[PDB]
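Number of protein chains: 4
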Amino acid sequence: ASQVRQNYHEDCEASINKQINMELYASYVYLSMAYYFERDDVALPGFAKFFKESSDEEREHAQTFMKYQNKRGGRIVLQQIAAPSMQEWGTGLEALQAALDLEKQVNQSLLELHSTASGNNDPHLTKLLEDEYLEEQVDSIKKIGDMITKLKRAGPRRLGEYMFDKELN
Amino acid sequence: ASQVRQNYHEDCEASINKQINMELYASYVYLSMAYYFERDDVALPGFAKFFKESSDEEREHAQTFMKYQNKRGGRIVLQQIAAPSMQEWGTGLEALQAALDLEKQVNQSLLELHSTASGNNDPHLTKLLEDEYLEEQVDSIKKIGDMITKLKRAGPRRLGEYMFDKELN
Amino acid sequence: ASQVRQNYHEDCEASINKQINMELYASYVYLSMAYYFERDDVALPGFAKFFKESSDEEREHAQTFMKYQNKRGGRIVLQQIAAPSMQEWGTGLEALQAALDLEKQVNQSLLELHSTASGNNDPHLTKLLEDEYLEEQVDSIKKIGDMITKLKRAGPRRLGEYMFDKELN
Amino acid sequence: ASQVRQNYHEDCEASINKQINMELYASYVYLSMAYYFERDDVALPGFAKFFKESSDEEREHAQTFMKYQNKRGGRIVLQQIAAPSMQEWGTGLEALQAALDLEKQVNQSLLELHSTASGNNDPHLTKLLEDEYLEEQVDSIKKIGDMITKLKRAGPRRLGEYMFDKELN
Ligand SMILES: [Cl-]
Ligand SMILES: [Cl-]
Ligand SMILES: [Cl-]
Ligand SMILES: [Cl-]
Ligand SMILES: [Cl-]
Ligand SMILES: [Cl-]
Ligand SMILES: [Cl-]
Ligand SMILES: [Cl-]
Ligand SMILES: [Cl-]
Ligand SMILES: [Cl-]
Ligand SMILES: [Cl-]
Ligand SMILES: [Cl-]
Ligand SMILES: [Cl-]
Ligand SMILES: [Cl-]
Ligand SMILES: [Cl-]
Ligand SMILES: [Cl-]
Ligand SMILES: [Cl-]
Ligand SMILES: [Cl-]
Ligand SMILES: [Cl-]
Ligand SMILES: [Cl-]
Ligand SMILES: [Cl-]
Ligand SMILES: [Cl-]
Ligand SMILES: [Cl-]
Ligand SMILES: [Cl-]
Ligand SMILES: [Cl-]
Ligand SMILES: [Cl-]
Ligand SMILES: [Cl-]
Ligand SMILES: [Cl-]
Ligand SMILES: [Cl-]
Ligand SMILES: [Cl-]
Ligand SMILES: [Cl-]
Ligand SMILES: [Cl-]
Ligand SMILES: [Cl-]
Ligand SMILES: [Cl-]
Ligand SMILES: [Cl-]
Ligand SMILES: [Cl-]
Ligand SMILES: [Cl-]
Ligand SMILES: [Cl-]
Ligand SMILES: [Cl-]
Ligand SMILES: [Cl-]
Ligand SMILES: [Fe+3]
Ligand SMILES: [Fe+3]
Ligand SMILES: [Fe+3]
Ligand SMILES: [Fe+3]
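Chains as they are written, first to last, in the entry's author numbering: chain A, 2 to 170; chain B, 2 to 170; chain C, 2 to 170; chain D, 2 to 170.
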C-alpha cells in the first residue's frame, strides 16, 4: 500500500472515484446549460452566468475529491464523462428543475458515501463529507428551490422570466 | 416603595407590564412572518427582511418599557408570550394587512395607556409615550398603508409582487 | 413534501421546533435576569450586560434553527413561550447558578436531538449540532462555571460581588 | 405687558421665579458637598467630582429657566439663596441620601409647576418642563438610587467606599 495509507477502506476509495466522475458529469451538464442560455435565440445571460458558476463549482468539488484520494493514499481512476442528458434545455424553469433533480441525485450519492464511510469507521472521510460536500449541497438545493418559486411567481415565461434573469446577472 | 418612586401610580405600572407583553407578542408575530417569507415555497426576501426588522423594533420597544419600569421604580412582571395567531401568513398583501391591524391594535393600547397616565397626572409617562411610542406607531401605520397601496397597484400577486418585494430588499 | 426535502425525518423536524421554543424560553429567562440586575435596588450592571448578551445569543440560536428548518424543507411551528420561572433572581451567584442549570438543560436537549439525528442517519443535522450548538454550549457552561468559582472567591456578596460585577462590565 | 407676552399667566411667571431660586439653592448645596469631599480629612475625589458636576447642572437648569422667563416676556426676580442646610455632610452614603431627597423635592416642585401650567392651558411651558426638566430629574433620581445601592453593597464605609469613589472619578 501507499506509505501514507491508514484506516482507508478500498470501498471508500472506489466510491470516491465514483463521486469524482459524477461531479465531473454534473459540471459538464451545467456547462451545456450555460452555453445553451447564450444562444442568440435564448439570450438569458443571468441563467448563463448561474450555470457557468455552477459548472465551475462542480469541477472544483471533483478536484477536491481527487486531492483527497491522494491525501489518503488511494489512487485516482478516471472514467469517461457521459454526454449531457440533453443538448437543449428548454425554458429557464425547466433548466432549474433539471438542476434541482441533479443536485438531489448528487446529494443522494454523497449521503450513500457518508454511510459507507461511517460503516467502515472512517471519521476523517465522514468529516470531509459533512464539511466540504453535504453543507454546500443542501445550500444549493435550497437556493435552486427558492429560484424556482421566485421564477414561478415572476413568470415563469415572458416578462417575468426576462426580469428574473436580471436578478441572476 | 422603591427609593426612586415618585408620582408613579400602580395602574400605570401594571399597564406598562401589559404593554411589554403586547410588544413581545408583536415581535414574535413578526418573527414568524419573517421566516415564513424565507420558506423555499414562498421566497420573498424583501418581505422577510421587512418583518425581521419589524420584529427587532418591537422587541426594542418592549425593552424600552422594561428600562422605563425600572427608571420609575416599578417592577417588571413578565408573562407568557402567546403563540402567533397563525403559522402561515398567506400572500404578501395578507401579511401586510395583518401587520396593519396589529399595529393599530398596539396603537390603541398605547393611546389607552396615555389616557391612564394623563388621568393620573403623570407627565413623565405621557412624554415617554408621545416621544418614544406614539410617533413611531403612526409612522409605521402610514408606511404599511403606503406599502399596501403600492402592492395593490403593482400586483398584488405574480410579477408585481416579485417586483415590489425587490423594493423592500 | 417540499421540493427541497431530502433525508429529513419528521421526528427531527419536530424536535427542531422543540429546540426553537426552548431557546426562545432561555432567551426570555436571560432577558428577565438582565433587567432584574438594572433595578435601582440591585444595580449590578456587569451582570445585567452579561445576561443581555446571553439573551441575544439564545435568540440568535433559535433563529439559526428556524433558518435550518426552512433550509431542509421542514415547517416552523411556533408555540407559546412560557413566562420565566422567576420574576426576581436573587443574588448574582444565584442567577449564575440558575443560568448554569438552564445551560445544562439546553445542552441535554441538544444532545438528545443529536442522538435522534444520528439514529435517523442525518449527517447534515449532526454536523449542524456539533458545529453551531454543542461547542458553544460547552463553552458557555465552562465560562459560567469559572464565573461561579471566581465570584465565590471574591465574595459572593458585598465588596467581592461589587468588584466581580466590574469584571463583567 | 411685554411685546412678546402671549398666553403666559402670572402664576406661571411667579412659579418660574421660585424654581430658579430652588435650583440655585440646590446648586449651592452640591457645591458645598463638592468641597466637603476635598477636605484633607475626607479626601473622596470621586464624590467631589460627582457633586461639582451636579452643582454645575443645577445652575444650568436655573439659567435655562431665566432664559425661558425672558423668552415668554416674564420678568426675572432673584431672591436670596439660603445657606446650605449643613456645612459638613457626613459619609458618602449620607451625602447621596441627602442628594436623593433634594432631587425628589425639586422633582415635586417641578411637577407642581407642570400642574399649574396645565391648569392654565400653557402647552409651551408643559413641553419645556417635560423635555428640559422632568426627564433629567427622573434620570438623576434613578442614578443616585443606583449609586446608593452600589455603595451599600461595596461598603458603605472603609475599603468599599474607597473603591466606589474610584468608580465616580
Ligand atoms: Cl499505490
Ligand atoms: Cl488502510
Ligand atoms: Cl480495504
Ligand atoms: Cl478500513
Ligand atoms: Cl436535446
Ligand atoms: Cl416554463
Ligand atoms: Cl458509497
Ligand atoms: Cl409555473
Ligand atoms: Cl418567453
Ligand atoms: Cl403565453
Ligand atoms: Cl420593590
Ligand atoms: Cl409614587
Ligand atoms: Cl398608586
Ligand atoms: Cl399617582
Ligand atoms: Cl396557520
Ligand atoms: Cl393577495
Ligand atoms: Cl391603560
Ligand atoms: Cl388587491
Ligand atoms: Cl403569485
Ligand atoms: Cl391570476
Ligand atoms: Cl410544506
Ligand atoms: Cl425526506
Ligand atoms: Cl419522516
Ligand atoms: Cl429519514
Ligand atoms: Cl419571583
Ligand atoms: Cl449568594
Ligand atoms: Cl430529540
Ligand atoms: Cl459561596
Ligand atoms: Cl450584598
Ligand atoms: Cl454578611
Ligand atoms: Cl415688563
Ligand atoms: Cl399673556
Ligand atoms: Cl395672568
Ligand atoms: Cl393665561
Ligand atoms: Cl454641619
Ligand atoms: Cl454610611
Ligand atoms: Cl407651581
Ligand atoms: Cl448600609
Ligand atoms: Cl471609612
Ligand atoms: Cl467598622
Ligand atoms: Fe457537487
Ligand atoms: Fe411597538
Ligand atoms: Fe442555545
Ligand atoms: Fe434641577
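Hint data in this document are derived by calculation from the structure and do not stem from the laboratory.
Any given hint could turn out to be false.
The list cannot tell twin chains apart, which means a pair is met if one copy fits it or any two copies do.
What the hints assert, rightly or not - Mimicking DMTMM-like on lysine to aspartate or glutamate, the simulated pairs with C-alpha atoms at most 25 Å apart in a straight line are:
#, residue 1, residue 2
1, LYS151, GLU131
2, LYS68, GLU95
3, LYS151, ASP102
4, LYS151, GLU133
5, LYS151, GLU58
6, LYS167, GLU136
7, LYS68, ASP140
8, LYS19, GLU162
9, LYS53, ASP147
10, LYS143, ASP123
11, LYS68, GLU168
12, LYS144, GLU14
13, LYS53, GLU89
Discussion item. Are any of the numbered hints broken by this structure? If so, which, sorted upward?
Written reply: Going through the list in order, the structure violates hints 1, 4, 6 and 8 and respects the others.
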